[PDB]
Amino acid sequence: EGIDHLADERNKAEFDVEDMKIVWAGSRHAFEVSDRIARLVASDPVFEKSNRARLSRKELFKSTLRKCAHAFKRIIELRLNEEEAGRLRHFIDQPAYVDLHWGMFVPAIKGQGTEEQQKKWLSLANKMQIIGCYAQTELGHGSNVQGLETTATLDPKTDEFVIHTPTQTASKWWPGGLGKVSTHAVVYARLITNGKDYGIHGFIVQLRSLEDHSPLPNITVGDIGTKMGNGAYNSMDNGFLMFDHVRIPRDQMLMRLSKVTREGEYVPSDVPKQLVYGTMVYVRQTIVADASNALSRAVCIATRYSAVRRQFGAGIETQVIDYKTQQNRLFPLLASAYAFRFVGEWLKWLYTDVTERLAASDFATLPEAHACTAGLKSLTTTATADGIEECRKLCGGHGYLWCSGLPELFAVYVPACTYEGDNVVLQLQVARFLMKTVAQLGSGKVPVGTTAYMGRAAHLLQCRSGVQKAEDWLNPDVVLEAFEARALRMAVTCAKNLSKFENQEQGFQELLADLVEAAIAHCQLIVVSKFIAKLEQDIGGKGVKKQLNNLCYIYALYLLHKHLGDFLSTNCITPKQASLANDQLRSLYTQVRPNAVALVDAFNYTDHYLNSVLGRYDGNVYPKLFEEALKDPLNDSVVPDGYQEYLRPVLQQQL
Amino acid sequence: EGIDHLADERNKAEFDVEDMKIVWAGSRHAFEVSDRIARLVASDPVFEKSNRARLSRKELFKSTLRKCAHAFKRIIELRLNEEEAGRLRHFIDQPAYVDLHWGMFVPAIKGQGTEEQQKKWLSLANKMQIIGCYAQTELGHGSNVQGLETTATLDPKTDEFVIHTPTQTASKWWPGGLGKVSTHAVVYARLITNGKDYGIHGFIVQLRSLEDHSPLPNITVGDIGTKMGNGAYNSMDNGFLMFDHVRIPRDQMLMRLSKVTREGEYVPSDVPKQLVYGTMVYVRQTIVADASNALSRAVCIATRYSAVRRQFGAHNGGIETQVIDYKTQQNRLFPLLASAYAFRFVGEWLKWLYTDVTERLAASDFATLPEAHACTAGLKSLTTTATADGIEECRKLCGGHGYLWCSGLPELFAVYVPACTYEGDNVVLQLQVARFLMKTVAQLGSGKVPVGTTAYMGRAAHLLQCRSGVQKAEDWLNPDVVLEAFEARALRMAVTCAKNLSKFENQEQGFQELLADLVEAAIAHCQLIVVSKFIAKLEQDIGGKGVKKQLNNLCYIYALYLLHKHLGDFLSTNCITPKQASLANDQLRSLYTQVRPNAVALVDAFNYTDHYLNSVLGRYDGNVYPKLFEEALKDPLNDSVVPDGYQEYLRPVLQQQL
Ligand SMILES: Cc1cc2nc3c(=O)[nH]c(=O)nc-3n(C[C@H](O)[C@H](O)[C@H](O)COP(=O)(O)OP(=O)(O)OC[C@H]3O[C@@H](n4cnc5c(N)ncnc54)[C@H](O)[C@@H]3O)c2cc1C
Ligand SMILES: Cc1cc2nc3c(=O)[nH]c(=O)nc-3n(C[C@H](O)[C@H](O)[C@H](O)COP(=O)(O)OP(=O)(O)OC[C@H]3O[C@@H](n4cnc5c(N)ncnc54)[C@H](O)[C@@H]3O)c2cc1C
Ligand SMILES: [Ca+2]
Ligand SMILES: [Cl-]
Ligand SMILES: [Cl-]
Ligand SMILES: [Pt+2]
Ligand SMILES: [Pt+2]
Ligand SMILES: [Pt+2]
Ligand SMILES: [Pt+2]
Ligand SMILES: [Pt+2]
Ligand SMILES: [Pt+2]
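Protein chains in written order, with the deposited numbering: chain A, 2 to 315, 319 to 659; chain B, 2 to 659.
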C-alpha cells in the first residue's frame with residue numbers, strides 16, 4: 002500500500018530531516034543532483050537488482066553488460082554531464098568494467114602520459130572507442146608493487162617493447178574489467194633497456210582485436226573465478242593476463258615522468274614526481290567518502306529494522325532499538341557514518357591544499373598528507389567493513405537472508421580493505437611517519453598539521469584530566485586533550501622501545517603490532533578533531549547541529565570506552581573519569597534514540613538503492629519477506645527436483 | 002605434482018605433530034575413526050564440493066539430496082555405527098535436512114515424548130520412514146519463544162488438536178529441512194484447552210504425504226529464500242509453514258512432562274520439568290565444540306598461506322619475507338590459533354559438564370542447574386562470536402586472494418555465522434548470564450557459598466583489593482598470576498554492576514539502563530572460564546615431545562591477548578599497573594616468536610584433508626599459485642574468451658552505435 006508505518010518514529014525527530022539531508026549531501030546542488038539521478042535509476046526497469054542473487058555467473062555478467070550499455074545510451078540521450086553520469090553509475094550500484102575504465106585506466110593515462118599520448122588515447126577512451134583496465138597486481142605481488150615480475154624490454158632493432166611474463170607468479174591477477182571486456186590496458190612492468198632495470202613503469206597494450214574481440218597473439222586472458230558473496234563483485238570480470246613476448250610500439254610507454262628514446266636511453270623527465278598525488282590523495286578521499294556511503298546504507302537498514310522488530314519486554321513487546329545493547333552497538337556506527345562523512349570533506353580541503361602546495365614548489369607538507377590520508381583510508385575502511393557485518397547481526401536471524409540487503413553489502417564492500425593498499429601495510433606507513441616525528445621531540449622543530457599537538461608534548465605527557473562530572477566530557481578541549489595525550493604517549497612509548505634494539509629496522513619489525521595501534525590512535529584523533537571542527541561551522545536547521553553534536557561525542561566517547569586501556573595507561577584519565585564518560589555516552593544514546601530514524605532518513609536513500617526488505621522506508625517488513633521468499637527458484641515447484649530419486653527411496657525403505 | 006613447499010616449515014616444528022593430533026582429537030579412538038571416515042569421504046566422487054559455488058540453487062539442492070541418499074547407502078553398505086555415521090556427515094560438510102532430523106527432531110521426541118510416543122515415532126524417524134524438522138521459530142519470534150503466536154487448541158468432541166496460524170507473523174520461519182524435505186515436524190505452539198493458555202508445547206504434525214510428497218490439507222509450506230554466501234547454507238531448505246486450522250490426534254502432543262486428558266484437562270506429569278534442559282545443554286555443547294572445528298579450519302588456511310605468501314622485506318636480492326614472520330600477522334593470527342585450542346579444551350570440559358548435569362538431573366538433583374545453564378549459554382555466546390569474527394579475520398589475513406571463493410574462507414564464514422543467532426541471540430544469551438551473576442552477587446556467600454565456576458566470587462576479599470606481584474614479563478606465565486588477574490577483573494566488573502543497579506528505584510529499570518555494562522561483565526566471566534579450563538588442561542598428563550610446551554605457549558597467548566584487548570578492564574581493578582601491563586605485552590610478543598616456528602605444524606595437528614578444507618590457499622603442500630590458476634579455468638565465465646553479450650552490449654559501444 003505504501004503507508005509509512007515508521008511515521009510515528011519520524012515524528013519524534015527534533016530537527017527537520019530536510020535540513021540534515023543537505024548536510025549529508027554536502028550542499029544543496031549535490032543533494033538535488035543526486036536525488037534526481039537516484040530517482041531516475043530507480044524508475045528504470047533495466048536497472049533492477051532484486052533478483053541479482055537468482056542468476057548464474059554467466060547471466061549475471063551478461064546482465065551487467067546490458068546495464069552498462071543502457072547506461073551509456075541514457076547518458077547520451079539525456080545529455081547527462083560528468084557529475085550526473087557519475088551519479089548514474091553510482092546508483093546502478095553494480096561493479097562493472099566501467100568503474101575501472103573511468104576510475105583507473107583514464108586517470109593513469111592522464112597523469113602518466115605525455116600530451117600527445119593523452120590526445121590520442123584519452124580521445125579513444127572518453128568516447129568508448131576502446132575499453133581499458135588497470136593491470137598492475139600479479140599472482141605473487143599486490144601490495145609490494147616494487148616487486149612486480151612482469152618485464153618490458155626494449156628492442157632497438159624494431160623500436161618495440163617486449164612484454165613478458167617470466168613465471169606463472171608474474172601473471173596479472175585481479176584487474177577489474179580485464180577478464181572479458183577490456184580491449185586495452187595500462188600494464189605495469191619492470192622497465193629494461195641497455196641491460197638495466199629501471200623499475201616499474203606503465204605501458205599501454207592492446208589485449209583484444211577491435212574487430213572480433215579475440216585475444217591478440219601471445220596474449221592469455223580470462224576471469225579469475227567466483228568471489229565472496231551472492232552478486233557483489235561477481236558481476237565484475239576480475240582477470241588474469243599473461244604475455245608470451247608480446248610486442249608493443251616504444252611510444253606506447255607512458256612517458257610523462259620518464260622516457261626511453263629510440264637510442265634506448267632512459268631519461269627521467271624534468272616533471273616533479275611529487276605531483277603523483279593523483280593516485281594517493283584524491284583517490285583515497287573518494288575511498289574515505291565511499292566508506293561513509295557504505296556504512297550509512299548498513300546503518301540505515303539496521304536502524305529501521307530495529308525500530309520495526311519487537312522482542313521481549315512485554319502485551320506488545322519492546323522495539324529492539326529501545327535496548328541499550330542495541331544502541332551501544334548501532335549508535336556508534338551511525339555516529340561513525342557521519343564522522344567519516346565529515347572527515348571525507350576535510351580531505352577535500354587537504355587536496356585543494358596539497359595541490360596548492362605543488363604550485364609554489366612547496367613539498368614540506370607532503371609527508372604528512374601521505375600518512376594522514378593513508379591512515380584515514382585504513383581506519384575508515386576497517387571500521388566500515390566491521391560495522392556493516394555488525395549491522396547484519398543487529399538484524400537477528402532475518403539479516404541472514406540475502407534480501408535483507410546486508411550480506412551482499414558486506415561482500416561487495418570488504419575489498420576496500422585490500423585494494424589500493426592493504427590496511428595494515430598502510431597503517432605501518434603512518435607508524436613510520438609518527439616515529440620520524442617523535443624523533444624530533446626536543447630537537448626544537450615545531451611540528452605542524454595533524455601532528456601539531458606534539459608540540460604540547462610537555463603538558464600532554466604529564467597531564468591529568470579536569471573531568472569531575474559526566475557533562476565535562478562534552479567539552480571539545482577535554483576530549484581533544486584526552487585523545488592527543490593518548491596518541492602521544494603511545495607513540496613516545498614505541499619510539500623509546502625502538503631505541504632499545506641495536507638494528508633500527510629490526511626493532512621496528514619486532515614492535516609492528518604496537519606501532520600499528522599507535523598509528524590507529526593518531527588516526528582516530530584526527531577523525532575526532534575533524535568532527536569537532538565541523539561543529540564550529542555554520543550549520544543551518546533547527547536542532548540539526550544539536551544532533552550532530554550528539555553524534556560527535558558518541559563517536560569520541562565510544563572509542564574512549566573501546567580503547568580505555570590506552571587512555572588509562574597515560575594516567576591523564578582516571579577510572580572514575582572513564583566511568584563518567586560512560587554515563588555521558590549512555591545519556592547520549594537516550595537523546596539520539598528518538599532521532600535515530602530521521603538521522604538515517606537524512607541519507608535520502610531510495611528503497612531501490614538500499615535493496616533491503618528489512619530497511620524499507622515504510623517499515624512494512626514481514627509481508628515483504630514472505631513476498632520475496634515466494635520468488636526464490638526453489639519455490640518453482642511444490643515437490644523438489646530429486647524427490648523421486650533421492651527421497652522417496654529413503655522414506656519407502658528401498659535404500 | 003608431489004612436492005611439499007612447506008617441508009621446511011614442518012621441519013621447524015619443536016614438537017611431534019603426530020602426538021598433537023591425538024590431543025586435538027581427544028583420544029586415539031576418536032582420532033582413528035575420524036581419520037578413516039575423513040579419507041572415505043574425500044575419495045568418494047559423489048562428495049565433491051569444490052564446485053559448489055558453480056551450481057544454481059536448484060542444482061545445489063538436488064545435489065544435496067543426492068549426497069544425503071548416497072550417505073544412507075554408504076552407512077548401510079559399510080555397516081557403519083552411529084559414531085562413524087556422524088563423522089561421515091561431518092566430513093561431507095554440507096548443510097542439509099538430515100542435520101535437523103538427527104540433531105533436533107529426534108532429540109525433541111526423545112526428551113519430550115512419552116515412552117509410548119518415543120518407540121512409535123523414533124522407530125519411524127530412526128529408520129527414516131519419515132523425515133522431521135524442528136518448527137519453533139516464526140516470522141515475529143525467534144529468541145523470545147514464549148511469544149510464539151501459533152496456537153494448538155484441543156477439540157474434545159473429536160479428540161484432536163487444532164493447530165492454527167493466527168496472523169502472517171505467526172508463520173513458522175527458518176526451520177531447516179522444512180522447506181521441501183520434511184514430511185513431519187515437531188511444531189511448537191501455545192497449548193490452549195479449557196479456555197486457558199498453558200504456554201508453549203511441542204506437537205507432532207504431518208506436513209506432507211508419504212506417497213507423493215504433496216502438502217497435506219490446509220498446510221502451506223515452502224522455502225524462505227537465498228541466504229548469505231555462495232553455497233553454504235543454501236543447500237539447506239529453510240522454510241516457512243502456516244496452518245489453516247490443521248487437525249492432529251490428541252496423542253500427537255508430546256506428553257512426557259505435560260498431559261491433556263480426553264476431557265481436555267491439563268495435568269502435569271510426575272516427571273520434573275527440569276529434565277528437558279538436559280538437551281539444550283547438549284545442543285549448546287555441540288555448538289561450542291563446533292566453534293573449535295570452524296575456527297581451526299580458518300586458522301589452518303591462513304597459517305599455511307601466511308607461510309607461503311611473501312611480500313616486502315626483500316633481503317637476498319629479491320627474496321621477500323614470509324608474511325607470517327611479521328608481528329602484525331602473528332598478533333592477528335596466533336591469538337586465533339590459541340583460541341582454537343582454547344575452545345577445543347573448553348568444549349571437552351562442557352562435555353563432562355553435560356554428563357554430570359544429566360546424571361544428577363536423573364536423581365532430581367537440580368542444585369547445579371542454574372550454574373550449568375549460565376556457563377553453557379555464555380560459552381555458546383563467547384565462542385561463536387569469537388569464531389565468526391576469527392574466520393573473517395583469517396580471510397583478511399590472506400590479502401586479495403582471500404576474497405576468492407576457492408580460498409575456502411568466504412563460504413566458511415557465511416556457513417558459520419548463523420551460530421551467533423540460532424539457539425538464541427548471542428547478546429540475549431549473555432544477558433541471562435548477567436542476571437545469574439547479579440543474583441550470585443546478591444547472595445553474599447551468606448546462605449550457601451559460591452562453588453563451581455563462580456567459586457572465585459567467594460574470595461572477593463583479596464580479589465577486590467589485590468595487587469599482582471608481577472615484576473618481570475616472565476611472571477605472566479604463572480597460572481595463579483593469570484587466574485587472579487582474570488578473576489579479579491570479572492568479579493570487579495560484576496560487583497560494580499550490582500552497586501550501580503542498587504541505586505535505582507526499579508531494579509528492572511536499572512538493569513535495562515546498564516545492559517551494555519552487564520553484557521561486558523558477563524563476557525569477562527565467560528573468558529575467565531575459558532582461561533581457567535585451558536590452564537587446567539595443562540595440569541593433565543599430556544604425552545609427546547614438546548607437546549605440552551606448545552600448548553603452554555598457546556594457553557598464555559590466549560590469556561595475555563585478552564588481557565591486552567580488554568586492558569581497560571584490568572587496569573580499573575588497581576590489581577594491575579600500567580607497567581605490569583607492559584610486561585604482559587612483552588611476554589605476549591616473546592610467545593609469538595616462540596610459536597612462529599611451530600605454527601604450520603600446530604595447524605597440521607588438525608589433520609584436515611584438502612578435500613575437507615576445500616582451500617587453494619590452505620593446501621597441505623603449499624602449491625598455491627599454480628592451483629589458483631587451475632581453479633580459475635573452471636569458472637563458467639571462462640567457457641569462452643569472448644563473453645556472451647559482447648555482440649549486443651560491447652560491440653555497439655565500441656562502434657558508437659548506441
Ligand atoms: C576485488 C578486488 C579488485 C581489485 N582490482 C584491481 C585492479 O583493478 N587492478 C590492479 O592492479 N589490482 C587490483 N586489485 C589488487 C589490489 O589492488 C591489491 O594490489 C591487493 O589486494 C593487495 O593484496 P595482497 O594480496 O598483495 O596482500 P599482501 O600485501 O600480500 O598481504 C597479505 C597479508 O600479509 C600482510 N602483510 C603484507 N605485507 C606486510 C608488511 N610489510 N608488514 C606487515 N604485514 C604485511 C597483509 O597485512 C596481509 O595480512 C584488486 C583486488 C581486489 C580484492
Ligand atoms: C540459518 C538459520 C537456521 C535456523 N534454523 C532453525 C530451525 O531449524 N528451527 C527453528 O525453530 N529456528 C531456526 N532458526 C531460528 C533461530 O534458532 C533463532 O530463533 C533466530 O535466528 C533468533 O533471531 P531473531 O530474529 O529472533 O533475533 P532477535 O532475538 O529478534 O534479536 C534481534 C536484535 O535485537 C536484539 N535483542 C533481542 N532481544 C533483546 C533483548 N531482550 N535485550 C537486548 N537485545 C535484544 C538482538 O541482540 C539483536 O541485535 C534458524 C536461524 C538461522 C539464521
Ligand atoms: Ca508504526
Ligand atoms: Cl551474499
Ligand atoms: Cl561466498
Ligand atoms: Pt616517448
Ligand atoms: Pt601518497
Ligand atoms: Pt501495513
Ligand atoms: Pt613446486
Ligand atoms: Pt497423552
Ligand atoms: Pt537452556
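Among the hints, a few may not be true.
[Said to hold, decoys possible] Here are the computed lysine to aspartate or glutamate pairs in the DMTMM-like style, where the Cα-Cα straight-line distance is at most 20 angstroms:
| no. | chain 1 | residue 1 | chain 2 | residue 2 |
| --- | --- | --- | --- | --- |
| 1 | B | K580 | A | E83 |
| 2 | A | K128 | B | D94 |
| 3 | B | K397 | A | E632 |
| 4 | B | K59 | A | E521 |
| 5 | B | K59 | A | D645 |
| 6 | B | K397 | A | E150 |
| 7 | A | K74 | B | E19 |
| 8 | A | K566 | B | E394 |
| 9 | A | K397 | B | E649 |
| 10 | B | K550 | B | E19 |
| 11 | A | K566 | B | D390 |
| 12 | B | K63 | B | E19 |
| 13 | B | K628 | A | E150 |
| 14 | B | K74 | A | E521 |
Just so you know, these hints were derived from the structure itself, not from any lab.
Going through the hints against the structure:
no. : hint            : in the structure
1   : B:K580 / A:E83  : violated (57 angstroms)
2   : A:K128 / B:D94  : violated (50 angstroms)
3   : B:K397 / A:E632 : violated (32 angstroms)
4   : B:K59 / A:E521  : violated (47 angstroms)
5   : B:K59 / A:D645  : holds (8 angstroms)
6   : B:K397 / A:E150 : violated (24 angstroms)
7   : A:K74 / B:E19   : violated (64 angstroms)
8   : A:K566 / B:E394 : holds (19 angstroms)
9   : A:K397 / B:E649 : violated (41 angstroms)
10  : B:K550 / B:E19  : holds (15 angstroms)
11  : A:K566 / B:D390 : holds (17 angstroms)
12  : B:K63 / B:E19   : violated (39 angstroms)
13  : B:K628 / A:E150 : holds (19 angstroms)
14  : B:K74 / A:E521  : violated (55 angstroms)
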